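Colleague: Residues per chain are reported as follows:
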Amino acid sequence: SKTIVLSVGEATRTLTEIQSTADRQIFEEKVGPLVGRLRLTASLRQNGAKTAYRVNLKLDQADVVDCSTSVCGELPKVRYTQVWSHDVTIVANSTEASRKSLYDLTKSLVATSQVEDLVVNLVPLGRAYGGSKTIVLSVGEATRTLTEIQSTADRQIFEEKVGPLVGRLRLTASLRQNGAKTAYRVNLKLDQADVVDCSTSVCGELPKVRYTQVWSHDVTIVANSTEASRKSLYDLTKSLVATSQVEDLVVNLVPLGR
Amino acid sequence: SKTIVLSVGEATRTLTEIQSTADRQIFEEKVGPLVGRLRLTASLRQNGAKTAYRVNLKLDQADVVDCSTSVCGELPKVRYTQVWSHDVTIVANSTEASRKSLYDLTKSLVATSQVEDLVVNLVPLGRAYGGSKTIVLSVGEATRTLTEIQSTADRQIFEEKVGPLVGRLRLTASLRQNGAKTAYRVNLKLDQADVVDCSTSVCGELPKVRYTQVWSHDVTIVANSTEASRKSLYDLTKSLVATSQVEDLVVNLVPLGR
Amino acid sequence: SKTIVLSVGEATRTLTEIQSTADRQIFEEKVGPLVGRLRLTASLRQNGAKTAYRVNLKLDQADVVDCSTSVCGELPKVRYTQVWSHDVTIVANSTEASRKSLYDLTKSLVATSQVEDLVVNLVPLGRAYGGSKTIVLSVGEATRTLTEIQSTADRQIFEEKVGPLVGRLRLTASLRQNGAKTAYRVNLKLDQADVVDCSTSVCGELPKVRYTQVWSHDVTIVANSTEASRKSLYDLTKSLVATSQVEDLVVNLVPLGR
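Protein chains in written order, with PDB author numbering: chain KC, 1 to 258; chain MC, 1 to 258; chain LC, 1 to 258.
No wet-lab data here; the hints were simulated from the structure.
Hints are not guaranteed to be accurate.
No copy labels: a pair is met if it fits in one copy or bridges any two.
What the hints assert, rightly or not - In silico PhoX-like links for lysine-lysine, alpha-carbon gap of 20 Å or less: (1) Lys181 / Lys161; (2) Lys161 / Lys231; (3) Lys30 / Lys50; (4) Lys181 / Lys208; (5) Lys238 / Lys77; (6) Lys161 / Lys50; (7) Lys208 / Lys58; (8) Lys107 / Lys189; (9) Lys2 / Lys30; (10) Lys107 / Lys58; (11) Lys181 / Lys2; (12) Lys238 / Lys189; (13) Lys50 / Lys189; (14) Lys58 / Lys30; (15) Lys2 / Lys58; (16) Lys189 / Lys2.
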């Protein structure tokens, strides 16, 4: 049918489509047992007065185990599930260079070594290399350095420092553990506001923001995980954003599946 | 009349006196339009039972724009104002080296590259160069390194670590935004307590503080500013503290203007 | 009688026993005046249903001053007292390598240069050397690096990052000042949980913790101390943990004094 190919190096994991509703669009891998497989619940909406879209991905990953060899008479069974959701907000009258920049920053956010250690080894964000706690988001040769402005007990807010003060980049990380200390909750969020000024056109006009576009994340990690269970969940989501189909889902609003 | 010269390099900006009351003393620049100019409302008091003075400067700066060329029939007008207040507290029975050291620390506080980025690019204080978040306040060849002891969501307290524990240098920076997110509020404050020990004179006497002398700051920065509007406000205040008249205003209590 | 030898370099300070109850065991140094001397109040218990022990050391130190040659007719007298308690919790069914590793980490916790500046110069913990704020607890050639996970206004929690997420090292430092700003209170605490994985024996078994063994600290430092008064209290406690008698008090529960 319609497939997405997630290259995790030389191993390619092909998800095939099992559902096509008007908005929801469920993919699933077909290799292995039937009880625990990959899942990709894509979506698209336009809520309100037709002015803002809402992309919504959700990459589940179940850790199935089958030990009928050891104990006689059992079947394969799912231990836990670890998800990595996305919540993109795109306003309808945007510039295509603003939708491309929001994709290129989040593709480089996931591909850095500070978000990798945040979901694998639970290390918080920011490494001080001669100065403040900074994150570097390379968009090729252009590097956009975000310095930390606030670190309370829950939140950890990063922000770029160049340009005007009214519209700047953001990175609101946090980390929780809800329930009986059994599952964590990583929560990244990158705000990009588009600022414009026309003081060469209209006198007395200071810069102001016209719209904002977000890209949230919501990672769920159970506490007694395997390390290669969290490492493979990161490597699939890093390879999901790097595809050419999630690029067109954000830039041109084309649904997934080729 | 009576002038102060604030050299910002080779460009010298001379403010002339427009008011002289018993305590208040207003200066103003005379070059340019008549609606928005520099302002410097110096003051001096002795509150309470005549034991402590209170120096109080306030360097205003308005950004005037005139575009009668663009739209026909308008007059010059100011958009915003950005101030940099001071609040020096001097106790009357001080040592002359106590008042000189308080001036020599604040003259080197404003002249550093960390307070410059705090008002221009809104970067918080302290850069960790192999260790803790530190600020170096050199007074020539003597460098006084203040290490950060507490970073709350509102305050950011620095303190020196060499010497006794009863009296040490302090630096409680802050950053707010009051109202509808339109104006910031930077707030530095440097406490210097005079400690003395008499153990070579009287036995069993541990060190203790005599008095404290404060040099606070209160910078008001509007959010939609120009970068050269925030840079020139800092570079005028850096050149104001480095003059010989604000030295004698703190050390010898001579009012401004010669 | 029964002695403990604390080498503070080449000078050895020998404390002799002055009390031996069923649990409490008080030592005291015998040189100098009779009003202020070293004091070491060891103890051992097993509270509850005989499942966990509780070691409790307390190294007092009083600063005695005698200036009868200054003022005619006074006697020696103590100004202040600086203590360093310990509170070790050992569960009875432990492994001997678990009790040895807990002693080897605390012996290396006290011997580092970051805890020395915490009690002498009141500098907080953690120095960022290319990355985040880390503490290195070397056990010889094995180095166990704990990275900071939370810096509240009171607490400062460190944690190791390798291995599973369910049981890791901990270091919750704190710093208070109770009363009329006269005395500080340093409080270190190292948690070590024993985690086991039975996946090679029982299928579908994720790692879990068996027990926890703590080693708290409680340093009391008065604010008007001498520097060599706080330096000698640290250098005695560093020389107390490194002895062979406090090793056997934690590993083999042998009481102090040979």
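Colleague: Now, for every hint given, state plainly whether the structure supports it.
Modeller: To see whether the hints hold, each was checked on the structure:
no.	hint	verdict
1	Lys181 / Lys161	between (37 Å within a copy, 17 Å between copies)
2	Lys161 / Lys231	between (32 Å within a copy, 15 Å between copies)
3	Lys30 / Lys50	neither (37 Å within a copy, 55 Å between copies)
4	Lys181 / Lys208	between (44 Å within a copy, 12 Å between copies)
5	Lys238 / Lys77	neither (27 Å within a copy, 53 Å between copies)
6	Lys161 / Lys50	neither (33 Å within a copy, 46 Å between copies)
7	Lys208 / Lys58	neither (34 Å within a copy, 29 Å between copies)
8	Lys107 / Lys189	within (13 Å within a copy, 41 Å between copies)
9	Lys2 / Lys30	within (13 Å within a copy, 75 Å between copies)
10	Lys107 / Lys58	within (16 Å within a copy, 48 Å between copies)
11	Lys181 / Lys2	neither (39 Å within a copy, 48 Å between copies)
12	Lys238 / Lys189	within (16 Å within a copy, 38 Å between copies)
13	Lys50 / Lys189	neither (23 Å within a copy, 51 Å between copies)
14	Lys58 / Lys30	within (18 Å within a copy, 65 Å between copies)
15	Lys2 / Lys58	within (18 Å within a copy, 69 Å between copies)
16	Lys189 / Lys2	neither (30 Å within a copy, 56 Å between copies)
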